[PDB]
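First comes one chain, alone, set out as structure tokens in the form solved without this ligand.
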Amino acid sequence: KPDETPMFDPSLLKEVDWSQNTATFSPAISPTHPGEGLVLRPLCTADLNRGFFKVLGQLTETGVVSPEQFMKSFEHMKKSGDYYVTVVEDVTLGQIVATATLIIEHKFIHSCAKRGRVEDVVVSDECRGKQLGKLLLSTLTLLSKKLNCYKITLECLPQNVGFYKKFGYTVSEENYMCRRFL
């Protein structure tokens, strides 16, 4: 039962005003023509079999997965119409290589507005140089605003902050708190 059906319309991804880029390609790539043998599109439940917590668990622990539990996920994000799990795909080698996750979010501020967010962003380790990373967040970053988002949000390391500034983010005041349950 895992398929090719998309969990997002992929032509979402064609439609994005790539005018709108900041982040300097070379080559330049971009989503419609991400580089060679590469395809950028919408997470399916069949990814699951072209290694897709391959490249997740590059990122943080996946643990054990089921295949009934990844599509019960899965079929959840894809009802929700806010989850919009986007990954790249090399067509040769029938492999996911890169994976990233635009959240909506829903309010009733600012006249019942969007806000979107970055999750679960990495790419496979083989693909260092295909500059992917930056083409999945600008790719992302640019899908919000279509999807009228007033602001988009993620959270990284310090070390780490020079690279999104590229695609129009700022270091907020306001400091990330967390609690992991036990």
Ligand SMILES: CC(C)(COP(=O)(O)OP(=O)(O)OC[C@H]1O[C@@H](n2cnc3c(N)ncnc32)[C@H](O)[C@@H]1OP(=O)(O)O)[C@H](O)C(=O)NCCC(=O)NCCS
Given for the second form:
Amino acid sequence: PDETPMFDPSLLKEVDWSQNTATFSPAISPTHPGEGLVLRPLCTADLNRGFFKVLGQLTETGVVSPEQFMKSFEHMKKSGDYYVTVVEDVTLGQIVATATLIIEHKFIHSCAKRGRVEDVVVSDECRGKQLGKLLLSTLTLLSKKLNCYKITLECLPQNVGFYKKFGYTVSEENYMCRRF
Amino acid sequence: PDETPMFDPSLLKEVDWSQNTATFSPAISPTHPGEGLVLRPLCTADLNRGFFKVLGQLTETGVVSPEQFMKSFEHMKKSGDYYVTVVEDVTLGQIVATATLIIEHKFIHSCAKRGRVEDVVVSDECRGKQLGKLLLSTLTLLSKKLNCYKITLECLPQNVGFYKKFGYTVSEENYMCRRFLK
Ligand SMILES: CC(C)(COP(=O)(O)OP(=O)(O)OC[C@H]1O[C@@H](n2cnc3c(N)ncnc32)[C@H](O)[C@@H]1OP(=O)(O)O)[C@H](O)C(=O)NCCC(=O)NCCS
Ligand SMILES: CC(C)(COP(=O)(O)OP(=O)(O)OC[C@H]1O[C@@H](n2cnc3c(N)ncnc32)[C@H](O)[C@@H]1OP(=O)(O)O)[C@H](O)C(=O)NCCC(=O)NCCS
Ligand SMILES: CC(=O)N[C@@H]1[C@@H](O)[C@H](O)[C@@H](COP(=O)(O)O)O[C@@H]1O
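Now the other one: the form solved in complex with this ligand, given that the block above is the form solved without this ligand.
Every chain and every other molecule in the complex is listed next, the one we just looked at coming first.
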């Protein structure tokens, strides 16, 4: 594991924060996430900073080997299409929040790009401290900057009001699943 | 534009068709999609086989240069994660149906893979020929074969009964969208 980021950290900096609509108090931003905190791409050393401990609060992570993580990480990085983003408490050296933006390429809408928000979770001790809003507003604006024609996500009905804060609305389409 | 497929066509013969749950009458399969038809990966030469005319029946699919199409194709090919699959009517040399399987990589569920079914459309003159069922069944089984832990898709409630035929069920989760075009 090293400090190589999954994607160019500047992409987070250069998001047009003027387009944010979510309310912050105090007014944190991608460049100013809160003292002692950094908002950045996942890097391979994050395996040892409790990345999986955070993800484990959302759903099951099973047993993951360093080699398994490295291979997944390298594939994601190589694609250019995966924006796994974390908030790290630098004083503790621990990940405290994560969210992923995935870019999908299509042929419809003039060879469009489409965004998906995945795997959004704030560590329990850090909930209600604006990090979910920060992650969501930053990644949503990043997809618009990357020329996505739309961005989508799925959530339980109890979380709908949260995502509304970044301009998401409930689609008429149903989400259908088959589990193997 | 050439005949090179987006993915290994062998993968379509390796789908365990005995696991298909949808009812077909007449019996057709990935191997035998019907007389005059071939189910196969997209290739760049499909640009000139009416590929976009089919997509245009799904949603807006406007102006695209040959180089833009080839760039998207190569990018999709290079990832190994895109399975844009077509049915061609060989007598006419025209695409008559398309569906895409995308493989998404995760860190959850022990660094799992999950499938997405996207951009499913049969040309209206070929509907009721079981080509939509063929594509859905094949891609669903292919995702299983590729060790996805699940596969998902979104559709208007008006299409729910179609996807039920392949073992999909309506999830409790809401689908949410921010449209940057309107
Ligand atoms: C808790 C969670 C949903 C929100 O993140 P958070 O950091 O705790 O929330 P924030 O402090 O960033 O934002 C708080 C704001 O969102 C609102 N909010 C929080 N949860 C909400 C919900 N479920 N529905 C509607 N609004 C919600 C609060 O009222 C507050 O509103 P306001 O500050 O605008 O007045 C977070 O994303 C999380 O990890 N939760 C548990 C795992 C999870 O459910 N992940 C999402 C999978 S879809
Ligand atoms: C029309 C479409 C959805 C299905 O393809 P098709 O050629 O009509 O269907 P097939 O001949 O392969 O399968 C026919 C079966 O599916 C059923 N079916 C077709 N459309 C259906 C729908 N919208 N809802 C429920 N069932 C449907 C038929 O009743 C028939 O049932 P049966 O097998 O018991 O006889 C097709 O994929 C299409 O291009 N439609 C318009 C574009 C579109 O909406 N794409 C899907 C977006 S989520
Ligand atoms: C299974 C399936 O085919 N689902 C499609 C989706 O894949 C496609 O991208 C979208 C286009 O509609 P849009 O132009 O409004 O984004 O329609 C449906 O939701």
